[PDB]
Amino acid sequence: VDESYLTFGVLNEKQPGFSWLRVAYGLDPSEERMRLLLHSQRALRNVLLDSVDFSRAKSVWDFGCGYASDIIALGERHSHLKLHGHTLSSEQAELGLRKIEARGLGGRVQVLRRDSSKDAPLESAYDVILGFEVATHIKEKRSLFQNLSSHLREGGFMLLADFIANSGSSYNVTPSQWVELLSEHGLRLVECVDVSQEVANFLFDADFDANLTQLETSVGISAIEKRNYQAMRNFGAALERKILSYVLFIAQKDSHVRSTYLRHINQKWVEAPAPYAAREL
């Protein structure tokens, strides 16, 4: 199944009997729940992507692109965009480019095996940088943000979805560390959107352990898929207990704001993010 089916989504309330695993893998045949799965995932992505006028962008860098679903989708939407993805695995890189060529996106959309904490991307600067749950999988976050910010056009967007570690316990990063990573690299938050409870809702499955075994024995999954799914369940429990938050960061490269003020406005958004529920709907 496509990797986009296995990403987080936002649910406004828990849906009794909804299992993200069963639905994604079609063990639950309901076309209505399949629609809800996809809608919840697009709704999460669109909080970030809807901020950017892509008609004024030339290039996008997804610095941990998985199987390149996100940049393939953007590429089919916006025929003029160069989109470049980075991944650490050769499997994802080969499978991504096979998808890219199957859709005829070979000129504009590329996937490279490059370590975004160290390796420069293809362009000297990008108009948009995407990182959906990438940064907290990277140990050397300062080197990463040095690399991202130096390849972000002035006024360009950095769109992140990632975890914040609260008074509690993957490399998890506290609010101050997020403020310092953004502020010291000239990245100014336009908005932070807190989707913690809605992602917890999406991930909630009272039958997770039994559904995972049914997936193992019926469909067959890899050791790495199984462990990722167990980690996702655990993330949902952490979000419910508010040990972690899951936050959508809309930031821009800004070399002209004063550093003391930049810290202030980044603190405002990390510490008082817009709650997803109050924000729209």
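Numbering follows the first chain given and starts at 1. So that the term is clear: the rigid core is the largest set of C-alpha atoms that superpose within 1.5 Å between two forms. First, how it differs from the form deposited in another entry.
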Given for the second form:
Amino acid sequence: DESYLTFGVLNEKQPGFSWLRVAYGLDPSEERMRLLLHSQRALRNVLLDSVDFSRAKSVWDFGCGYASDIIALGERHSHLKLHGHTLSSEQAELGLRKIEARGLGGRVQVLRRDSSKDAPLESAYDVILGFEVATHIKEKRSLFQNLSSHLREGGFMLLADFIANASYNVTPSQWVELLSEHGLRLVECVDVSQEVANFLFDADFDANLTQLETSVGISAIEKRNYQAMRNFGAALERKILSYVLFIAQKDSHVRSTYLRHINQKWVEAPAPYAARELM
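What about the form deposited in another entry, after the form deposited in one PDB entry?
A single chain, with no partners or molecules, comes next.
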């Protein structure tokens, strides 16, 4: 169910569409449910389409939430081992419950580990996922040292995060130094700022949120995430932030000066989402 509570991309604003109402079934429209799931799948696929998971063994989600992402990957590719890190003992035990109910206990794990300073289970992951996690970590240099040192050579880091133009948002120059100092080479950056803003736009958001608080009930962690998502959409509309998808690879053999060059190209000139079609 938590998989319905993530970002998505809409090419234009849809009057009557409210990601909050649709995800919770308050909107009974089957076609709007299709739109919600499609827009969330389209955003995830920008990152996931780069990886041939038949040639991958281990995945690390270093801020997994309720582990919706790694559970879906585990059910889609039944050979994958997926590890998630979370700071919340609540989320950690609720995630393993969801994992138990789906018979995924042999492959999918959720650990209460601080990804900024705590090493994961595997020495080298083939894929590392970070969807809106680094923005909530201020010790980003310690974090990217931990991520890169546990990424296989040539392995993929797949980030969805914010660029500045309680979150700790950083500038394009700071992203370039983060990746370059730890041997991470961008294959592509994709800017989805406007399309995510369209997805997040709910002009009845305040009314819709209060309805969920009193008519279905909401935990404090959930209400804080929903209000954060709304404020993120406003920052995107105001162009204070960009939402960018990073596809990077661990590369220890490229010269450091060239690494900074090619990371700067992608960070300062990401591909616009509306111009891409991969098939």
